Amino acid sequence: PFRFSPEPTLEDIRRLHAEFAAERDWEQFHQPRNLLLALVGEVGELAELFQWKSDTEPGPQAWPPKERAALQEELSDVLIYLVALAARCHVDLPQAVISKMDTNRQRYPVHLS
């Protein structure tokens, strides 16, 4: 029975990789397009970090640790870069996901009997 955590708000993640990006190259960790391509590669490194695994064979948890480790890393990074972008676009991801979900919930009526 694995959950995540309530905190940090998404708000707050928007928080940590902004002051964080501030003590570093501005246009670098500041061009949305830098953070995005940073994410795509990360979503990219994740792809490969699952490229030859069997949709079946010992999943993420049943591997060496430098793997779940980094796999957990490309995940953390895809999200950090997802969060940093969103922030920059002043998109309120928390609210955006909502109707997206409320919207997706619509478009896709559930199927009873």
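Residue numbers count along the first chain shown, from 1. Each form is matched to the other, and the largest set of C-alpha atoms that superpose within 1.5 Å is called the rigid core. What changes on going to the form deposited in another entry:
Core-aligned CA deviation for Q28 between these two forms: 2 Å or greater.
Superposed on the core, the two forms differ at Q61: its CA moves 2 Å or more between these two forms.
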Second form
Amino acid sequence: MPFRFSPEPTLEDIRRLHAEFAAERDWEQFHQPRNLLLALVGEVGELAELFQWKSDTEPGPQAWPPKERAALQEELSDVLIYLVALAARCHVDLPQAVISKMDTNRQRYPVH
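And the form deposited in another entry, for comparison with the form deposited in one PDB entry?
Chain alone follows, minus partners and molecules.
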């Protein structure tokens, strides 16, 4: 069966949800660009932890046990959340930036 993502939330949805979440807690002050970047590095660390001891031969993440799948979902999400937060705090239009980068990626690697 095809794997797909759910159609929502969108990146804008996530931006808004996170901005609201921060604003309700008066956390704007903690969400400066370098704080968010360091938090992002922390989350990439947590994501790496999930993979660090995995052998080549053992089951891959598509087949990980329930607890490990939950962890993987959560850390992938933490990374995305801070990345969205950081892009928003820098006034970067992340969806349109990705389109531009994908276009550049196509040029740098022609199908050839």
